[PDB]
Structure formats: C-alpha cells, structure tokens
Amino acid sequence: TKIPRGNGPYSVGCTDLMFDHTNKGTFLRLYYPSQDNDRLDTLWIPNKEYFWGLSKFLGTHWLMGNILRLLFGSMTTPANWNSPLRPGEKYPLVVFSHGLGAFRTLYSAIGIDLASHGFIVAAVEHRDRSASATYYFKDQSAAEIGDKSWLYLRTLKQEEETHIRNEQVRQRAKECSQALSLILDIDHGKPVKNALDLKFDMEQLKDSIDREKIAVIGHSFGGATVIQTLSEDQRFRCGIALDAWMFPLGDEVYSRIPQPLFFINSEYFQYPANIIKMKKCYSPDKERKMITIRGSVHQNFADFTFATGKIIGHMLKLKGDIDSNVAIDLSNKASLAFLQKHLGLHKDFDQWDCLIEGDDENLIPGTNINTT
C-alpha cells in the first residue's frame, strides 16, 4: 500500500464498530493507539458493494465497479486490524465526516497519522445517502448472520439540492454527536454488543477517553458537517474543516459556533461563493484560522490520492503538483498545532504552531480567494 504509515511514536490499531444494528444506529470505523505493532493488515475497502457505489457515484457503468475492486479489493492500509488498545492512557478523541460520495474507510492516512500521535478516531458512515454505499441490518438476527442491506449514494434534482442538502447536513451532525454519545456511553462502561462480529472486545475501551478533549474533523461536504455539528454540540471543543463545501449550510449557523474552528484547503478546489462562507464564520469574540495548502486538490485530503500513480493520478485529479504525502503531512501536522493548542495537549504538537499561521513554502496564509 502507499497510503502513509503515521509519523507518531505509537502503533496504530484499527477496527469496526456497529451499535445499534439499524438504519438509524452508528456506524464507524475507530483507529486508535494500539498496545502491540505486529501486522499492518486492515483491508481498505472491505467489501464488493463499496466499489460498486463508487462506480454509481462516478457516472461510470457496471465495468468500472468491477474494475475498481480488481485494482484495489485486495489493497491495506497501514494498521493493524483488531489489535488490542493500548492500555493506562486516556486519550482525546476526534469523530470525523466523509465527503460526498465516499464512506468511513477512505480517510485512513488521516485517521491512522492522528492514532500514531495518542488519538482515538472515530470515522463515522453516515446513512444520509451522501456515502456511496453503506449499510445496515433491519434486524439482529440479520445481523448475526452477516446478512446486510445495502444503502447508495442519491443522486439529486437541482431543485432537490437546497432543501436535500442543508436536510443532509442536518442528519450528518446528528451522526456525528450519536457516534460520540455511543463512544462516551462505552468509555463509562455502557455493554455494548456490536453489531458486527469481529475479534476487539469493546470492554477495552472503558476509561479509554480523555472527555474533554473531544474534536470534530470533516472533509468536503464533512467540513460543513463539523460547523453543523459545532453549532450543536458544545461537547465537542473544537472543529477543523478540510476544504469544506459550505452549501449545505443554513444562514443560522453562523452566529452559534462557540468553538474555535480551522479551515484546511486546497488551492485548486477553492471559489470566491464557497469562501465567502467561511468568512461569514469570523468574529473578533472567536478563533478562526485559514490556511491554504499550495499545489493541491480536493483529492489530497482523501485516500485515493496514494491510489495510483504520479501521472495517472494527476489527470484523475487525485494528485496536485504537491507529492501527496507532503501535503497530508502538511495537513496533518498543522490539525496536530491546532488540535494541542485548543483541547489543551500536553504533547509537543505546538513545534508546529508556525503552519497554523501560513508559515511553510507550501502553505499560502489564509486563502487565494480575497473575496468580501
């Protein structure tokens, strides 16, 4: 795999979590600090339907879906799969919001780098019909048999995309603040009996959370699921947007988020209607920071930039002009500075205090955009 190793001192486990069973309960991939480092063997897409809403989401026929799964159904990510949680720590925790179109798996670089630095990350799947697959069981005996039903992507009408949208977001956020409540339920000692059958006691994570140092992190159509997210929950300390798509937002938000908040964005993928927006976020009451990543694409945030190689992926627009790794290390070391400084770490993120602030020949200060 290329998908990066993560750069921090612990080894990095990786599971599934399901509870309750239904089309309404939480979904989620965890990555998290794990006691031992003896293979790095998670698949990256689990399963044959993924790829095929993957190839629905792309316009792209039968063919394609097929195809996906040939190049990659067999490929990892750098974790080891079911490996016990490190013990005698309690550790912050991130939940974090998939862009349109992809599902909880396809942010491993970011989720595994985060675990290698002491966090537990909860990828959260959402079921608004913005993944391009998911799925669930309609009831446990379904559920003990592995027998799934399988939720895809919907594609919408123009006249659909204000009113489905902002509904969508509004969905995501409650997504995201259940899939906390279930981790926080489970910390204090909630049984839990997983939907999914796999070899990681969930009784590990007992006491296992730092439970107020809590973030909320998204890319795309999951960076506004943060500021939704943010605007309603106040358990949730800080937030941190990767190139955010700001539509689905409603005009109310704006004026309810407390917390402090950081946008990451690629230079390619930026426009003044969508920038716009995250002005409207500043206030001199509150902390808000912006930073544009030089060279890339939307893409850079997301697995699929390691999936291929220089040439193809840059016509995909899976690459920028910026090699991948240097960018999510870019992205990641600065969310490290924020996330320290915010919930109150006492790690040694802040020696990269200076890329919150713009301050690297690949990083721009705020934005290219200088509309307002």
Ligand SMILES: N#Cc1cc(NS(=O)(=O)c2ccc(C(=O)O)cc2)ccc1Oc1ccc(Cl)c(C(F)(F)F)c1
Second form
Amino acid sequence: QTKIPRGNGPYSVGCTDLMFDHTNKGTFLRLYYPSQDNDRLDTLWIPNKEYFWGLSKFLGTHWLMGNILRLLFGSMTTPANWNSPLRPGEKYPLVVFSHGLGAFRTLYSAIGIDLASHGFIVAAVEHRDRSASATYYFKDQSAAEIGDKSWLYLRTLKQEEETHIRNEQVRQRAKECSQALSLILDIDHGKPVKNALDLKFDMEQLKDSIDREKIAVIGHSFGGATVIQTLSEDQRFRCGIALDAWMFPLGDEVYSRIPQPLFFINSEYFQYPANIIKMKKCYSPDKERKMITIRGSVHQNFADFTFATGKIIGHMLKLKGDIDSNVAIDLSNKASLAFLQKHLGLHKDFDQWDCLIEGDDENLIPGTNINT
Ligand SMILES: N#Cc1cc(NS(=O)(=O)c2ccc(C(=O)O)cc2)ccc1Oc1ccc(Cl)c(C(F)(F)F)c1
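Next block, the form solved in complex with this ligand, ref. the form deposited without this ligand:
Below: every chain and molecule of the assembly, starting with the one above.
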C-alpha cells in the first residue's frame, strides 16, 4: 500500500482536520490522536489537487508537473483511521507541529502518526504566512458551508526581501502555533466550535482530553526556527524539538529568551556553519540544550516524501540519504519520545531511548559534524 510507516506505539491512530475560524486569520490543523477503533487505514495523504500545483510551483516547475504528481500520489493514503473516534478515558500530552518551507500540514504524518501511536495528540498546523506550498481558507461562512475554497500559494522572495519577510513569517508562524494551542485548550475546556470543514468527527470529543501541563512544540526546517520563536513567546510550551532547523528567519533577540529545554535533531548533509552557529547561540549552562546528528541523512528525511519513492529515484531527488528512511525516522522519533518523557514528566517507557539523546547509536553523531 502506502510506504509511510505505521506508528510503532501501542495505540491505534486516528486523523481528522480542524479549521476555526473559517478566515485566513483562523487556525487550520491536521490532528493525529489515539483512536478508539482501528477499522481501516484510509486517511488521504495529500487531499486536494491544489497542493500538487503548489508543490510544482515550489519546485520551479509548472502545472504539467503538478498534474503528474497528482497522478502519482493523489490517491496515496497515510496509515491513520480517518475520523475515527478519540480513545476515551485518558488525558493526552499535546504536540503542536510546524511544517517547513514549501510543505503543508499533511507532509509530516510519519512523525505525527508515530507520536499519536505512543499516546500523544498532535496538531500539525497549516501556516498562512505564504510559506506553505498551498493552503486555503474561506472568505465567509457561506463559502465554508459550500466548500468554496480560497487558495493561497507560496510567495517567492527577492533577495532584498529575505531578511525582513522571513522574520515576519517566523513571527506569524509562532503566533499560529500559539493560536492553535489556544484553540485546542479552549475546546478541551468546553468552548463550542463549529469546524469550518464538515467532517464526521465531533470536536466535542476533545473536551477534557488534554493533559494541559504536558505541551511541546516540534517543527522541521522553517518549523524548527518556528519552535524557537514559539518557545520564546509562549511559556505554555514546556519544551521544544527542532528537526534540522533553518535558523536564518530568527532575530538576534530570541536566543537569550528561551527558558524551556530544547532539542536539536539534525541531518548530516543539510547543516552548515552559518546555520549551526545560531544553534550554539542558544546554549547556556543554566539551560538544557541537546543536539544529535543522524548519520547519512538529508534534510528531507524528516518529511513524508522520503517514503513516497523508490530508493534510487529518491536519492536522485534528495528525498533519501545514505541511511534507510525508516531507520532514520525511527531514530528521530525515539529520541524525541525520550526527550518528551524527560521534560514533560511522562510516566511511559520512553526513557529506554535516553541513550539516543546522547547520540549513542551507530547511526548517530553526538553534537554536530560542524565544529564551529
Ligand atoms: N515531503 C516533503 C516536502 C517538504 C518541504 N519542506 S522542507 O522539507 O522544509 C524543504 C525546505 C527547503 C527545500 C529546498 O530549499 O530545496 C526543500 C525542502 C517542501 C516540499 C516537500 O515535498 C516535496 C519535496 C520534493 C519533491 Cl521532489 C516532491 C515531489 F515532487 F516529489 F512531489 C515533494
């Protein structure tokens, strides 16, 4: 079937989408969560043709390639139970997840599904900062009722625009992570919400479902910078995991304003000194910062298209590294779970992977190959 790996944990996984409010300033997220039932693994991975058009634009091609992607991938599933009921009787720790440049909310389901299978609720935000390849919203309530979507595509920047616009974007991304957290926490305490999407998952199930002290933010690339900006602004997030962070968007002021623990998980082949030096600026003896590098990995080992092609085409497109993609994502996910247990205070068995936080594995490098 799909080659996106099923979650390794003992919980079955459901998935749904939530948009509220309906406007371009509302929150849009894909939720992965522990499900009551494991009926059938039928979640559509990339759910609209316009995402494929957006990806082609991001990759520098035109509408013909978008339609080719749609033919290849437009019916692929990802292994979660679409709209399955939430598993009752437990309060779950919560992760807010931020996607990279040219991605969108559905492209990190390998991570989201594995976290949910270990008993997390995961809210993968879709950013409206024009960093997503595509996203959509509704211009009024009637448009939402009809499914009359307004699409917003990735913005390309002139070199003169990069410093200012990328910092504006990372600030909007952090606001969107904090707004998504507030939406979920408000639903958890009984706020009535009318999902702008008509879906057979009743959001009232989320009432009293969140362990409100155990909140983390995780993100890849642009989303790794978003982790750091979000932690700086919002202390409801108790720790962060930055997956191959692209640090360029961040202003100098954030590096001293992050009280929470922070974990950098890097690929071997993406990092460079000008990027790594900003990660080192976060280090201080009064704070917990950990860094590991996954041997033989490329930037996109963290994103779902690392599973979507064969070994040789994937390597040529830089979707795959020297390391097997399942081995790489398992290391990132297991090290993440250990870090989350330690700094959220979970009473699980994730500390069996504490050694991964130290880089103690044949496929891990403690710290970074970039000595700067
Ligand atoms: N999965 C994911 C995925 C993730 C991202 N965001 S990112 O990982 O942060 C990232 C950031 C920057 C760069 C760069 O500056 O190059 C790259 C990546 C963007 C597009 C993606 O989707 C495809 C990527 C490649 C290809 Cl070939 C296709 C395909 F054509 F096959 F559909 C889709």
